[PDB]
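Assemble the complex: chain Z is given as a structure, and chain Y must be docked to it using the hints.
Protein chains: 2
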Amino acid sequence: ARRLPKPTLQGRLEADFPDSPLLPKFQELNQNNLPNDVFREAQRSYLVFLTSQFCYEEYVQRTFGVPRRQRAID
Amino acid sequence: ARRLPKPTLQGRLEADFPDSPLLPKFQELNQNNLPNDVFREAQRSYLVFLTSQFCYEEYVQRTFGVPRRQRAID
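Those sequence lines, one after another, are chains Z and Y.
With the entry's author numbering applied, the first sequence covers 2 to 75.
With the entry's author numbering applied, the second sequence covers 2 to 75.
Hints are computed from structural coordinates only; laboratory data are not their basis.
Heads up, a few of these hints could be off.
[Unchecked claim] With a cut-off of at most 25 Å between alpha-carbon atoms, the simulated SDA-like pairs for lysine to any residue come out as follows:
(1) Z/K26 <-> Y/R70
(2) Z/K7 <-> Y/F65
(3) Z/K26 <-> Y/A73
(4) Z/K7 <-> Y/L48
(5) Z/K26 <-> Y/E59
(6) Z/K26 <-> Z/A16
(7) Z/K7 <-> Y/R69
(8) Z/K7 <-> Y/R70
(9) Z/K26 <-> Y/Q71
(10) Z/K7 <-> Y/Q71
(11) Z/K7 <-> Y/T64
(12) Z/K7 <-> Y/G66
(13) Z/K26 <-> Z/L51
(14) Z/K7 <-> Z/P36
(15) Z/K7 <-> Z/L51
(16) Z/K7 <-> Y/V67
[Stated by the list, open to error] FRET-style restraints, in silico, Cβ to Cβ:
(17) Z/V61 <-> Y/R72: 30 to 36 Å
(18) Z/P22 <-> Y/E59: 39 to 45 Å
(19) Y/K26 <-> Z/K26: 53 to 59 Å
(20) Z/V49 <-> Y/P22: 42 to 48 Å
(21) Y/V61 <-> Z/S53: 50 to 56 Å
Even for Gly, the Cβ is constructed at its ideal location relative to N, Cα and C.
The following block holds chain Z by itself, in its conformation from the complex:
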């Protein structure tokens, strides 16, 4: 019926960092008769989801081979 209180989490991250490559898929979420704070909480959730997804990508593509046989000549 209820949940834990929300964190402090002050500020909006798209207004401070609008030059990160996650912004187009981040801006896909828009409100359909949702209020301001509810959409902002869903926006914070949709931003941490894309940040987590891209950080999992940046973990995956370096741990395929952390060395490489091909960079020995390089």
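Okay, now just chain Y, sitting in the frame of chain Z:
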């Protein structure tokens, strides 16, 4: 009935430091024929009160002034 002896507190701080702030607040001191020593400790008390006010109002500004997000791109 009475009180403790006063501390030493030699000299007058407002005279030796004219380039400091909070002396425009320290100008208006309501002396109505106050004696040559009673106004001295009244100057002491009001000066340390203004100094403590300035130190608290700069401490709360240094507390609310955290490493910001607009100071991260800076």
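Structure-based check of each hint:
{"no.": "1", "hint": "Z/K26 <-> Y/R70", "result": "22 Å, holds"}
{"no.": "2", "hint": "Z/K7 <-> Y/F65", "result": "20 Å, holds"}
{"no.": "3", "hint": "Z/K26 <-> Y/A73", "result": "24 Å, holds"}
{"no.": "4", "hint": "Z/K7 <-> Y/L48", "result": "44 Å, violated"}
{"no.": "5", "hint": "Z/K26 <-> Y/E59", "result": "42 Å, violated"}
{"no.": "6", "hint": "Z/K26 <-> Z/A16", "result": "15 Å, holds"}
{"no.": "7", "hint": "Z/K7 <-> Y/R69", "result": "20 Å, holds"}
{"no.": "8", "hint": "Z/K7 <-> Y/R70", "result": "20 Å, holds"}
{"no.": "9", "hint": "Z/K26 <-> Y/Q71", "result": "23 Å, holds"}
{"no.": "10", "hint": "Z/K7 <-> Y/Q71", "result": "23 Å, holds"}
{"no.": "11", "hint": "Z/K7 <-> Y/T64", "result": "22 Å, holds"}
{"no.": "12", "hint": "Z/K7 <-> Y/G66", "result": "22 Å, holds"}
{"no.": "13", "hint": "Z/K26 <-> Z/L51", "result": "8 Å, holds"}
{"no.": "14", "hint": "Z/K7 <-> Z/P36", "result": "17 Å, holds"}
{"no.": "15", "hint": "Z/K7 <-> Z/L51", "result": "20 Å, holds"}
{"no.": "16", "hint": "Z/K7 <-> Y/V67", "result": "21 Å, holds"}
{"no.": "17", "hint": "Z/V61 <-> Y/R72: 30 to 36 Å", "result": "32 Å, holds"}
{"no.": "18", "hint": "Z/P22 <-> Y/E59: 39 to 45 Å", "result": "41 Å, holds"}
{"no.": "19", "hint": "Y/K26 <-> Z/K26: 53 to 59 Å", "result": "55 Å, holds"}
{"no.": "20", "hint": "Z/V49 <-> Y/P22: 42 to 48 Å", "result": "45 Å, holds"}
{"no.": "21", "hint": "Y/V61 <-> Z/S53: 50 to 56 Å", "result": "36 Å, violated"}
In terms of the numbered hints stated before, the structure departs from hints 4, 5 and 21, listed from lowest to highest.
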